[PDB]
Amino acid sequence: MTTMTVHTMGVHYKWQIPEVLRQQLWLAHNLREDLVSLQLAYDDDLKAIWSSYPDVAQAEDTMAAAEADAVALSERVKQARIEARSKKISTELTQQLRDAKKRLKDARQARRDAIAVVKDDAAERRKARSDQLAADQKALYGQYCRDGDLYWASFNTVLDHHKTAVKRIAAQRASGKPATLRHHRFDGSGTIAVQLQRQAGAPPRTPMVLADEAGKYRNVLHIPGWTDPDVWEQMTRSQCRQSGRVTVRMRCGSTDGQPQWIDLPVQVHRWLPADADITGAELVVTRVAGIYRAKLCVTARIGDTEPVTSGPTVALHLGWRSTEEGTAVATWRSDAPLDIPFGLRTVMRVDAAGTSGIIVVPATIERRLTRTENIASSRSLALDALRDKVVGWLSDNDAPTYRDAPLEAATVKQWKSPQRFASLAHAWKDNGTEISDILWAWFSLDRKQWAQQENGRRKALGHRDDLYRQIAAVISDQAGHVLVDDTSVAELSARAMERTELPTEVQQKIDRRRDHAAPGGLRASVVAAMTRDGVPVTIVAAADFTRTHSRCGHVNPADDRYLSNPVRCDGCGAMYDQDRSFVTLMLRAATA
């Protein structure tokens, strides 16, 4: 029963966001901002509690001095790098910088120890501050829901999300990595939640309950026209799409104490099992190219799938090397031959034996992403030209009032986002001057290019993601066991730009290719499919695998020879591919 899942329904594009929904999203954003402000104040108060002790104060002073020295040396290193116009500077500067950084790290560790020794004596004060924070959070519910128009489900969703975020931040800071809460800017996107409570001894919240007009949750969430998945899968796609158009009635908070409901015309492609247990739903609103889209996600608790027992073992390895037919994003090997559909044979390549292959991404995705980049360049150039023309007209002509104030060239000149120019075009749409035409002929055009720059991009990414899911599907259809390497793409991405031996532009191109390939997404999709379909997954400790030659079992030195393929070995004196060897070593390690 534990297996959670989400079924999504796409609201009709000919549906305008009601005012109640907009107010609900605004209230949710304000509530999260208030929560973040409270959390930051609480953090500052805790740090003030820590700084009260004398030993911690002395450690803080030492750490501050060390940080000042480190930042000064970093500034000098940056200046020397700028002067030399390269990354090769005097070795003395690097040694001074390393020594300063080591001293700073030691001072920070000393501060941590000073906190640790006096940790037990501040427990009462920290508990008191935590109680004050909880009281303020309760007052937020009093203000936003008891005396406000925010639905209690949305408040609870936001509060739970925030508490999970602070738990994650504390866990990260415990390891030694930086993390902090940040203020986001509202734009019109958000989420509104509905919760289906089930008390002790209550009947399951099956999908058949939600379809009833007079059900237990008729005034919380109503999804009419539920069809059994077995019957649903027999119908033709025409009937499935005609019958899947329903009108979901959803609670949408209050308005001056008066509860309100919204009717979303949604299109449903799949239904939930008759034994599901709907735990809740959420309507998510997003802006893509300044256009609002809505989607209703319903969460259900379904039973688990019996694990598989037989099947070939498939080992997967991640890379982002470049090939004439696209980026080769993965390399897979199998213990027994696999069966790949013919429609995927150009993406999930296989060998004659059927036990090995490479997963590559079509070059059309990269071409479309490059097209989006070109569109962005053209948009920026046109925006700059418009800025120049508007500033000139403002200087040489009279300034009609904008935002109930005269327009000053200092403000217009420093405008950088296109949102300001779009707003000025809207306000002066009926201005009647000439700068109202020049400022509209731009905006209209920019409303067509912008969409493309976003829309096409999404398509490309979607295409890639789709293919990945397809690939994952086939593996879960046959594999009795799947092995994945423990490569951390995030750590590599974070540390790549600082210790690269290549020029900045080459590393930028490599990182862009890695981002477009998205190896981590492919691995995540494979793991998710295996988990859903009951296939076991094993994360292999992949340390020292590309430096090991499978045929001879010798470990080559890390002399950066692995920057190209094939790679020369020292034990046997032969050139070997470092990814076939990787997957072979993974299979050997697992099959032991």
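What we label the rigid core is the largest C-alpha set whose atoms superpose within 1.5 Å from one form to the other. Numbering follows the first chain given and starts at 1. First, how it differs from the form deposited in another entry.
- Comparing C-alpha positions between the two forms after a rigid core fit, one residue in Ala427, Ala451, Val489, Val474 moves 2 angstroms or more. It is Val489.
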Given for the second form:
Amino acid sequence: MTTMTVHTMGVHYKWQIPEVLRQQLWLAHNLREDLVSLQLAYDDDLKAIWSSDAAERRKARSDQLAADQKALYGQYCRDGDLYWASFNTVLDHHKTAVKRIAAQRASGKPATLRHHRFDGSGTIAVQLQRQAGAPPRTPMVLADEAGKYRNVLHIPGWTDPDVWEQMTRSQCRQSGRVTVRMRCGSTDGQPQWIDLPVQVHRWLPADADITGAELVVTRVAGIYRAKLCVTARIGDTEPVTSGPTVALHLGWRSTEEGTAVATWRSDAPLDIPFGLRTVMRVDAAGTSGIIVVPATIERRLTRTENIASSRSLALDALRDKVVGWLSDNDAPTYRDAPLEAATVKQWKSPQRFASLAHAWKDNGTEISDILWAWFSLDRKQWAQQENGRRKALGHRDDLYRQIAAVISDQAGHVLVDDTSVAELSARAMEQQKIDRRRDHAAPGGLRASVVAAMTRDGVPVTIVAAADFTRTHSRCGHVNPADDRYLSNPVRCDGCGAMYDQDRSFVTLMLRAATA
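Previous: the form deposited in one PDB entry; requested now: the form deposited in another entry:
What follows is just the one chain, with no partners and no other molecules.
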């Protein structure tokens, strides 16, 4: 029954962030910073105590940290504008973070908390309390205007998924445009709600249970984006029992048709969508194939890098012009202080010059126009420099997920390697350009998406020990030495004595080992 899921809805791009939401984000950021400082003080005090059996001392110091955490609830929630759901969310995140840090230190790997700086991105939360002996928080309950959670979270127009899938995409997209009234904390003791105009693509099972929701705001290229994520407790799915066995193995051999990333071998024929056959290649028999990634991903990422370099060039030229003009002319006051050539010359970030241009948008001086001459163009190309990158990465991710789906649609047993990921990606990945491909390939992402699909769809997953498999030749079964002979493919064997493919032999070994 316990299968948590998250459904996300995208707020309309024509929704300026209201002041209430901005203040909630600011308060959450301040709370996290204060918790970080308190934890750092606690860590230093524990170090000092150890620098002096002391468990009572440690226990006493820990309790004082607990009191300050409670006193933060008094400062931010009891006498502030923060919502008690946001505070609980941030406190839980901080507690989990410090627990993970302690676990890491126990092994011997050092770690520490790092401050951050507010930029406008953040998170607000809402928790749907369900006491014992209460009806479930089904989507029909949240869609009701006079329901229990009408002032906490209201998601109108829920249409049954069985009926939802029958509607055409036009009807599904036009009817999915709804408004969600979300509780947004307090304001001088005056509770505030926000009407998010959202677009919904999928709905929830009628038997779900909405545990909570959260609104996430992120700044991409200077433009705010908001997304509402709703968490529900879907009932579990019966695990599959019948289906072909598929073994998946990672690779990174460069190919003329893109970056080849994976090799899969199935014990029975698999059917692949015709929209993936250029990505998920399949041999004649349908039992083995290669997953390659297109070349457009690489071209787009290279174009983004070129854009970043051109931006650097333009910024350096503008810096030189600004320093020259400032030296040759007077300095109008900015930030209540005269402008100095030294400060401008040492500037690196485009943000400083963008802010200066905004301040001097209409100073009337010549350089102001020059400054605007840059600030316009920079704000365009910057968008490109990031947006295309995201799109490119998005494309790759989509492909991976699609591929994962097809496996869970047919496979009855999926096998994955274990030690052929980290160490192999560290050593045989083939340096700055060499390591660039692996970031663009990101085979670990494909592995993770496949694993997630198999877990969600009930497919059993078996992890095969890749130890002493790379050097193994399937046709002969002899361990060839590690003489970097595998820098290419195929590689001559030291057993039978013939060039054998390093990927097909590996996956056939995997299939043999699983069914033994």
